[PDB]
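Asker: Letter by letter, the chains look like this.
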Amino acid sequence: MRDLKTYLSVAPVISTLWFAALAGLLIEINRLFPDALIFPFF
Amino acid sequence: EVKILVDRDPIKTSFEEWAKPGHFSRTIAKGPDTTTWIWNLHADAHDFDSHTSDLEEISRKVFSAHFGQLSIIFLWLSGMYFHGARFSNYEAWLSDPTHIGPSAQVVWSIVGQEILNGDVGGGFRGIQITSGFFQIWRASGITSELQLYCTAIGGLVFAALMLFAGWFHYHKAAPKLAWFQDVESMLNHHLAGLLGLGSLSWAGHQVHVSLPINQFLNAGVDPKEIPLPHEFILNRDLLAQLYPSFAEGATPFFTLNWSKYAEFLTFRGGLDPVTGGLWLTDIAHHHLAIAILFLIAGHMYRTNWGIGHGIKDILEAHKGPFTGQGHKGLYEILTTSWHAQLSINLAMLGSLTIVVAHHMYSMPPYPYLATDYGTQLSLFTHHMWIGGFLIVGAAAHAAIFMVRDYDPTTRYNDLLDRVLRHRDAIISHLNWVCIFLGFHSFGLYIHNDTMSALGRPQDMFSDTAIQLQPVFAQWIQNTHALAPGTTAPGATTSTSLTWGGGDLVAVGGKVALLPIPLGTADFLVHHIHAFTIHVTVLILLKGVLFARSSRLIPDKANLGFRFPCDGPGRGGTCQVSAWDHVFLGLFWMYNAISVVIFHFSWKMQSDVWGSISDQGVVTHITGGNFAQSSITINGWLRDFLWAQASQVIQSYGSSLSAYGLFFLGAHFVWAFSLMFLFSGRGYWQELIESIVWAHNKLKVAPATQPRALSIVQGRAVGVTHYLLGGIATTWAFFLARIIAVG
Amino acid sequence: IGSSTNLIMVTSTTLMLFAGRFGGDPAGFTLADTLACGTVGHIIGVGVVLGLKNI
Amino acid sequence: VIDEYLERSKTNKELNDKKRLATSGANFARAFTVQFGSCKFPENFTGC
Amino acid sequence: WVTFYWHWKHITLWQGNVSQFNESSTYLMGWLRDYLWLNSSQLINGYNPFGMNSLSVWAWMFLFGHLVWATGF
Ligand code: CLA
Ligand code: CLA
Ligand code: CLA
Ligand code: CLA
Ligand SMILES: CC1=C(/C=C/C(C)=C/C=C/C(C)=C/C=C/C=C(C)/C=C/C=C(C)/C=C/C2=C(C)CCCC2(C)C)C(C)(C)CCC1
Ligand SMILES: CC1=C(/C=C/C(C)=C/C=C/C(C)=C/C=C/C=C(C)/C=C/C=C(C)/C=C/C2=C(C)CCCC2(C)C)C(C)(C)CCC1
Ligand SMILES: CC1=C(/C=C/C(C)=C/C=C/C(C)=C/C=C/C=C(C)/C=C/C=C(C)/C=C/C2=C(C)CCCC2(C)C)C(C)(C)CCC1
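Residue numbers (the deposited numbering), protein chains in the order written: chain J, 1 to 42; chain A, 9 to 750; chain K, 49 to 71, 98 to 129; chain N, 88 to 135; chain B, 589 to 661.
In isolation and in its complexed conformation, chain J is listed as follows:
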């Protein structure tokens, strides 16, 4: 378990997990709000 956790903390794996999470969040945000060109909340 220690060695598996150490391997999971290597740079490419952490990078791909972080970027997958970011891409998913961005895609979901763009799906909920389809188009956006200016900031209209104010």
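Hints are computed from structural coordinates only; laboratory data are not their basis.
The C-beta atom is built at its ideal place from N, Cα and C for all residues, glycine as well.
Any given hint could be a false lead.
25 Å max Cα-Cα, derived PhoX-like pairs, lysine-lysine [stated by the list, open to error]:
| hint | chain 1 | residue 1 | chain 2 | residue 2 |
| --- | --- | --- | --- | --- |
| 1 | A | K69 | A | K232 |
| 2 | J | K5 | A | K336 |
| 3 | J | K5 | A | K38 |
Which residues of chain A face chain J? A few of them, derived with a C-beta cut under 7 Å, are [stated by the list, open to error]:
| hint | residue |
| --- | --- |
| 4 | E24 |
| 5 | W26 |
| 6 | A27 |
| 7 | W116 |
| 8 | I118 |
Given chain J, work out where chains A, K, N and B with the ligands should sit, using these hints.
Answerer: Only chains A, K, N and B with the ligands this time, still in chain J's reference frame:
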């Protein structure tokens, strides 16, 4: 003797080696001092010959890597089958193959990319595919999606089995060295077992499954009314109604009166008028004959018994006029190192791939394949590129062997020494041939351009002013056209419609095949092809032969295989290694393949492909302008590059828009490559010094000190980007044109 | 039984086996030798029969 | 090919194009099911 | 880049329509299609299999330049 020898649990499976990167090499395993360490960790990952010196470990690693590659390939096949099963219009395309475009991919609706879902046909929207899988499935007899789903599940199961087999053969029972060094048994099993038995089983499948279903489909029966494939096996009455010979059973086969099977084993040749492809009976007959030939040929080498041949005895006992004693110590060389075998197999595979592309474009073996132009173009270009890459890699591995595995004391060969003793004459003659061929081939075009630019069209090398006709090719074409009349009485017609002589074949109002004329332009392009091939051969041979030593550097073998240079002395010694020779020959392979694919595309669009009206006239796509516009460089630039790029640049706002975007993106990448090919390391290092100072001022200095890329790394990056950009540009242009116009 | 093809194949197989015998046995003749001789005789017989039938 | 299956196809020519169109429509809608409304966040468990 | 910008703006101004530059200059595909491919049609037709005109020499020079560029590589 021949035996099974294994070692039990040579390695123990654990995650402790996953935590520490670069465990294979001690220098890498020590730790990262600078950033270059990272760039090394991926470069030496697969160099098993440098990790250790024992052949046993290298062989075991190679076996496991092969198993993993097989698992990946099986996963890819399963994915393709699942996509065909779920997201596709195969059932709609089956009924009306001529008026429906195949599609097996569906795009989501997140950003606005839904415009990529074009109107392919059959009540479906998606991306039109050019893999040619639909024709394969139709020729196999598949008429539903449940069978495709079952095939995908089987592929997944086989991929899992391959992965488990790889793990088992590396970590549980690993074969010994003597197991791999038995080439006679391996050759016998690969010839008789892998090739003969597989082709025999495929011929049996074609006889029992493909032929009746395809006959029913060609008759006009609806795909939903065709009996299931196992009904033909279960019901002999159906097969008797279809092919009466089956009513006699297997009795004729043992009775040697094989003529009774003439109904479904024919030798007619030519193309099928209904589908524009080869007859399936001919294919089954060919597979049966090939199975017989391979099964007979698989029993040549002596293994474990008295009868057979010894490869070493055959090599040693060879006597000839020009050879002499010759092949005496080649067996040990071939059975000692992996690199020589890798080079030989790579070259053979590349040549076979090129031959496959030629034979596939010439004689279409699948139904409704000739009339689908995009599939033909994609297959031809893809197979040509793969063959070129393999042929290039063969020389690199040959140079690697000559550098690091060649010693004339323990393992000495006479032929290799004789070749190495007169390399100067070979190089000089090849250089002269390349110079002469290039001068003539390009001077003809330059003379044509100059004469046409001066208002002198009567002085050019053309079909009207000065004719240079390929007489030998025309003679061969006439002989092939007249072949089935007297020389081959068994065949009803000629093998291919390409030969000058015969009739035109068209399917569904579109031309399938017609004889191809040959003129001055074909002469010029063939000579250009020969010139490019000769230059590439010269580069690769000069790289291979002068790897160990040279007149300029007498001890080049001590420096190794991958070194940038020797120094600024001797006037300059940049790019003296064989790796640099391979990196230089990649460019010429790219050039040659690009020229070949351009020639094929223009000639096929101009002289073969087209449409036919009801009256009987044939209108080609470009109206036959190849014979008069391809004799000058301006014609190539205007009538091919400028004229045929209208579709790709005007594809914005349509379903092909993606292609257009690629047509730009690849261009960018190409330019990017130049940055890595025109500069050097010192400038970048000196700039990184100032950048690192600016970082140091704000306490954000990393422990791993940044370093500029090495010279070899920069050259590799440049060549990779160049090749990728060029190939992607050609891909986008070809696909956009052939989809929008055909 | 008794047809021309049967006689031709039988004669070819027997002749090939007899030739392969010389030029638990007094002279070493393992099963592999018999199988190879029979297969070669069968190949020759099939070839000659199909050639004769093709005229 | 025995002209009885051809006659069967002629008799059942209708509804065959309907089945083909339905299969193609289902294959296309397999990607737009969520945007349509069905197969939403509930009932995705062992569904679609 | 500077010369491309100047030439395209002035050629659209002279030709009588300024909307082409005002609309197609905001993306690079417009630069590739409405400037080079469109304007090269008369230049590349200096000499053809049928004949030639007074632009022929320029066409030759065009190709000539390309060759030298490649030789530099
Ligand atoms: C590279 C090949 C090439 C070739 C073959 C030609 C060929 C030709 N050109 Mg073109 N040309 C070229 C490139 C080429 N050109 C280029 C790059 C340009 C510059 C843009 C031009 C520009 C050009 C112009 C401006 C003109 C031509 C014209 C001509 C013709 C004139 C021939 C002549 O008078 O001298 C031939 C002279 C010789 C001495 C021949 C030498 C070769 C001999 C036969 C050697 C053979 C070797 C033998 C086998 C040795 C074996 C030894 C053994 C016995 C022991 C000829 C058909 C002229 C024309 O009007 O034609 C219609 C013309 O006015 N050319
Ligand atoms: C008649 C039986 C036989 C068969 C079918 C094969 C077939 C194959 N061998 Mg060869 N081989 C044999 C005998 C046989 N071998 C013997 C006796 C030896 C020892 C001298 C070798 C030594 C050998 C080596 C060292 C290597 C191969 C490799 C390969 C594979 C080539 C990859 C490819 O071309 O794709 C064709 C793809 C397919 C047809 C996949 C189908 C899966 C097959 C049918 C698996 C069953 C094969 C196996 C021999 C039987 C199982 C026995 C076990 C259950 C007890 C292929 C699976 C190479 C390979 O890729 O390694 C994995 C490789 O590196 N072989
Ligand atoms: C048939 C399979 C084959 C095999 C098993 C090998 C095996 C070997 N090769 Mg050979 N080789 C082959 C074919 C093959 N080669 C071909 C076809 C070529 C011609 C290009 C070469 C040319 C070649 C060179 C020039 C060198 C070798 C060397 C080596 C060794 C090191 C491998 C390595 O570290 O790579 C590990 C993997 C990589 C470094 C990955 C690099 C990234 C690639 C280039 C990118 C491709 C990108 C992709 C296609 C595009 C999509 C982009 C997307 C990702 C965004 C290894 C023993 C090296 C050596 O040192 O030998 C002693 C060496 O210098 N090979
Ligand atoms: C398009 C530009 C270009 C051109 C023309 C050349 C030309 C050549 N290359 Mg280079 N090369 C290039 C780009 C180019 N290269 C690039 C980008 C690379 C990648 C780094 C290389 C890398 C490279 C390698 C690795 C090799 C070459 C070699 C060669 C020579 C091949 C032999 C031959 O065909 O000569 C015949 C001549 C020509 C085709 C050139 C054009 C001549 C025309 C017909 C004009 C002649 C007209 C007349 C005589 C001029 C007189 C006018 C004057 C009096 C005013 C030739 C000099 C090979 C070599 O040198 O071996 C022999 C070789 O091994 N090249
Ligand atoms: C497509 C595909 C697939 C599938 C496959 C299959 C389904 C296969 C099958 C196969 C098979 C199914 C095979 C078979 C084979 C067979 C054989 C190989 C046989 C043989 C035989 C013999 C050799 C015989 C002999 C004899 C004689 C000669 C005489 C008398 C006696 C006897 C009988 C003994 C999978 C999913 C996987 C993957 C993906 C793709
Ligand atoms: C080119 C290529 C490809 C393809 C491939 C293929 C398509 C393959 C196939 C293959 C095959 C198709 C194979 C087969 C095999 C087979 C086998 C291996 C068999 C075996 C058999 C046996 C073993 C038998 C046995 C028996 C029985 C059962 C009965 C009687 C007795 C006896 C014992 C004989 C791809 C796309 C991937 C890509 C890359 C390249
Ligand atoms: C004298 C004597 C005896 C006897 C012996 C014997 C009787 C032996 C053997 C014999 C024999 C008589 C053997 C063999 C047989 C046969 C075989 C072994 C065959 C095989 C075949 C095959 C393998 C075929 C194949 C094929 C096919 C299937 C198709 C077409 C092509 C071919 C032809 C290739 C005893 C001991 C009683 C006593 C003492 C004395």
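Asker: Quick check: which numbered hints come out false for this structure?
Answerer: Result: hints 1, 2 and 7 break, sorted rising.
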